[PDB]
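Whenever a hint applies, use it, and build me the whole structure from the sequences.
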Amino acid sequence: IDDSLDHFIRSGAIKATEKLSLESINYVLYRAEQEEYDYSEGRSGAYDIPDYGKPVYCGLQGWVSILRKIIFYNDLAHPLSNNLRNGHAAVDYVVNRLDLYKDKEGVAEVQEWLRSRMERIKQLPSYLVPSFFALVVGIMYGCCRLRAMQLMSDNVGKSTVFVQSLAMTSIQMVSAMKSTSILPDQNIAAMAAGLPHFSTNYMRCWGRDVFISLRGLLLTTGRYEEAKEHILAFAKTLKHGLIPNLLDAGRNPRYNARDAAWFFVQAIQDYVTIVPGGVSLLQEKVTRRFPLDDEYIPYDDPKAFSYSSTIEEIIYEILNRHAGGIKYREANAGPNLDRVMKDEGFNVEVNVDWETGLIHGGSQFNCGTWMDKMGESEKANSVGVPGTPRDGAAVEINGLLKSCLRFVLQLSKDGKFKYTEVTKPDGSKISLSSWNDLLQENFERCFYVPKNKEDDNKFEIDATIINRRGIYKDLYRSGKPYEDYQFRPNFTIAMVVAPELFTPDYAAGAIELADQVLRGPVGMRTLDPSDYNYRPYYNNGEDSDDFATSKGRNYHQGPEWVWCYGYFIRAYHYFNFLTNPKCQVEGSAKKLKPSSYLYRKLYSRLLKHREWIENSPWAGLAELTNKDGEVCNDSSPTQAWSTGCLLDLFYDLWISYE
Amino acid sequence: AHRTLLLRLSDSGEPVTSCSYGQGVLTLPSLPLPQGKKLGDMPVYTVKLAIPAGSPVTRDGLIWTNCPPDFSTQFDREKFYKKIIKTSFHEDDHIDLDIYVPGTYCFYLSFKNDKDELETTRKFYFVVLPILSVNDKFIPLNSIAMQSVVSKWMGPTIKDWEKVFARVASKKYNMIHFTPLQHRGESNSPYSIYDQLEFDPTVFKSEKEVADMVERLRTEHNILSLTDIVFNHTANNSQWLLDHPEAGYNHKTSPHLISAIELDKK
Amino acid sequence: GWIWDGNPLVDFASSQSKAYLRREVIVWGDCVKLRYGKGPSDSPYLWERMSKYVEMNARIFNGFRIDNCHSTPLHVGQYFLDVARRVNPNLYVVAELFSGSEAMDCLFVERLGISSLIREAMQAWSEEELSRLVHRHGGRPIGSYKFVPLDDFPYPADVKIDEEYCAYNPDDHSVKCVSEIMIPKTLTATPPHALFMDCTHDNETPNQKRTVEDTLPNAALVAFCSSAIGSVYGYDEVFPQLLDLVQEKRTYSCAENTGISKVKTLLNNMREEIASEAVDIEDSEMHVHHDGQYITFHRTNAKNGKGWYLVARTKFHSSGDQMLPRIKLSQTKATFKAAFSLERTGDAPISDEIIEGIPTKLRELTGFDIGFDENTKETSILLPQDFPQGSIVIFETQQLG
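Protein chains in written order, with the deposited numbering: chain A, 870 to 1527; chain B, 3 to 268; chain C, 469 to 869.
Treat each hint with caution, since some may be false.
Said to hold, decoys possible - Here are the simulated PhoX-like cross-link-like pairs (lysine-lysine), alpha carbons at most 20 angstroms apart as the crow flies:
# : chain 1 : residue 1 : chain 2 : residue 2
1 : B       : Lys50     : C       : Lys653
2 : C       : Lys730    : B       : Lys174
3 : C       : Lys653    : C       : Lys628
Note that these hints are calculated values from the structure, not bench results.
Take a look at the structure:
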């Protein structure tokens, strides 16, 4: 110890983080042990602290999540404190693990600073190592966290801890790997669905999760060049006019996702709206590594890189082939894809009822929507029975379709979209504006459930199968018609993406019920608690005979999901600002801005989320919660859409009122 | 708002110099337009001309300027507009000149001689600088950093050109100078232009292809583009030189060079 | 082509000249001179062709750059720039203009509507010549006088008054009067704006004319001027030799962040912060000092006390060790911003299909001592003896009061 040691430990950390990137910061702060194994061939992983366990990340966050409470109470008796006195192994671990990432941008310089300081720490008496270890880790952590805020956009860089803690999940989820990627020919940055189990090999990338999260994690933060690459990487995998959910790095993906293609085109609109010059995305040319029809997996055939498709025609191809109709049994169908799905479930069909203009699809043997839990309990007799098949008109799918139509209409107006016709299965043509005004007229009719019995004669209502009035149906003419009239948070997605389809008073009053019924403390209840099928506890290990709960069929009927809370409160915001006058105030220059009464309401519904990300060993939000905030031991501890959809809300408020 | 300047004139209609900055030009300040407003919405600047009371120019005095009197009216260098000079022996006259579009404007005075003839002062020019925005980020003319790049050394592809764009955008230039992008003549120099009316076919296909690349520079890298323009000559192998040899100096057009032709042919 | 020392205002292919007969032409057989007459009536295709030529690029680009604009006839240049301005009213016109005098240079800017004249820094023959060049385009002197209406103005009793100087909205972007009496800001002849190039595509590379080290101080000196700046690609990339526009076909190297590239990133971003803090000619002051192979540049805003101080040890030649006296700044506080040294690491690569610059080390420097006497309020600035030729340091300064 000398008077210069003090200045040595607190200096040089900002210069070390200089050449870092929002990608490379992932390798310094996070990296789940499974993500670490991916780079270490299974050799390394997370440091096992004796009489304690391992930090949840191999990076500095793993240390910080433990050290914060230790520094606060001076817990010199903590197992980590003891271990840091008895040896220099945790001291060396911090430095050595970066050998795995020494080649990535700025890590070599960060590693040298850590190395230079750690070596000087080891030359101290054993009882002084813990404090200097925690001090050095804390300093480099902050500088990396600062670098993240500098690289991200203003709205993130000037915000509260809670907003920044949300934004750091974008770094948790976006990294390059060795076992998987988003492109087949390269290994590049690929957004995981969540940590730790949705991070490696085929389990990492999921098209539904990528694009639902793309706006929040990538656009709200400013990672545009990373949002583009994820969009283009799925553009290559378009087939059946649909986007796959199981992106196998663009190498034999699974196409049972009726949802992904419309969240995909939604993100494209979000990209174009937000990115300065984002219209440039439309003319971007992509190598279409599949055929224009829908043949079969030919990843090695020379027809892979055969032809090119611009995002312009890629958007149109989704719209056109959807109208013209799509018929196909999934390629390579059989057990080698789903060892529990029945033979008729691999047959997926989707078309448009042109008397309404909305989109129907699926069956009682399918899981085409985000609620895609397939049962498997042999003892409970549910092998092959989808827990929530959502066949027919799904609210979001059509709401997302209206958003797409509204997008391409105003787009062609500006000379950026050359398409106007659309071919029907017979041979008819319909303008996009005609299809648009079709949904505008028929949507709220087919989906609303009036509060007054008098109005049932106008909204195609079968009052025998109802539960609550003043609601938008979850589905339209499905398989089980009582599943049409279930209160589910899914309708909030359509309210967010295409609010033109909703009359303000109906949407306002409907979402006030979700506030009283479907809104948990952190999660959105996936099913009205008054329904008979309501089972809000999810055990993917239950062996018993219960037809509902065994092998986790409850996944989408009761359990409280967090990413739906994002789409909910975004609409809760929009329609409480349009409807209730107490939620409005004459903002500067008389433009309409929300009042403190509305802000106070939004604030009270995010406290339980701030509490969660604060007291979470993984510095993020769970993917799922059991009834009334109870921790679901099978829920992923950090998920992308869980945080990316709260960021969605903050960007709304920012991009509109600040 | 207040976007007016005072251009005092002498008793002979010459502009008064307020400070000695050296030999210069009557340039108005480089300023962005007000909040969210277009060139049509308001006069860019207002030049208030001050005429001295009882000066010789006040006798039937008129101000003539090629400054269009409306935003709708286009600018013709040779079309001038009349403004009457309010004659007083005690009070000066002031004459606003509303300006709606950047460019070069000029003004002179006409008055009645001491022989009751019509006399005219010299033309006096003043300049309105353009308003350079990149993405609604105003760029003052004194903060421009321009990169000169020669296209025939930027590789053969548009994709091979955006590599140079990103390199200079990292060095934080905000404007790129483009050596002429048209089909070059025999000796392949960028300034000897084969055809001035379409671009280099080795890299470009249509006018839209270059306008989109230039716009791509504007939105992805916040960089503005400008090109060389050659007026003094064309390349010695223009396909239109055969259809139009009079655009140069011939034995027909410029006969004095006949004595000079037979000196090179000898 | 061009006559040797001839007036560029005289068409040497016209009746008033015998230069083709008398052989006084240095010629370009490459290009063929175009004959505009007294108007379009004298060459109706050429005028119609050039018009659509102008009108095409005016739809695309943001402005023009006119080669040997002095040799272009006046009425011609006026006609087409007016045509372009009808297409692109925010047209930015640049010109390498060297007519017979400054008065004529100003006359061209008047009638053509030129927005900036091009000035080159590589034309400097010695350290002082550069310092003068930099003094010309550096700004006004520090502590320079400001203009007020005095006893040469009428004071109308009914003149509008901004009592307490408070009738200017920062978003109206108004032209502020000198004080409370609202006598409008005076339209006075100012010198035409300059675009200072540290090196053009017609200039010999610093390797050729001086050495490669000057690429750092030269560019810093130019960038500290109160004007638009510019550079050719390869100057920062430290190319070894001026590219022949005719013969060469090699391609720009993809080697990123070479030579000065990191410094021009700093400079331009540094000038981006200064942005709209200086509008009229008296808002940006300066002080340039020449001492041997050192050149000092102090840049000052006349309203706010912020400033930047550049010490540049130039390398025109390897001219030995020279020690600069302690820099003294009265009633000013200084702060270290950045410092760099450029040193050549062997000769340039020899390639046939790609043009690559000279390998350079952009070494960061230390050892600068900034003493401040809390009594006399005088900041002293000392340089380290490790300050080789081709190095710069930049200080942020701030006047007190």
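Structure-based check of each hint:
no. : hint                : verdict
1   : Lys50/B x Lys653/C  : 10 angstroms, holds
2   : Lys730/C x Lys174/B : 9 angstroms, holds
3   : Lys653/C x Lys628/C : 14 angstroms, holds
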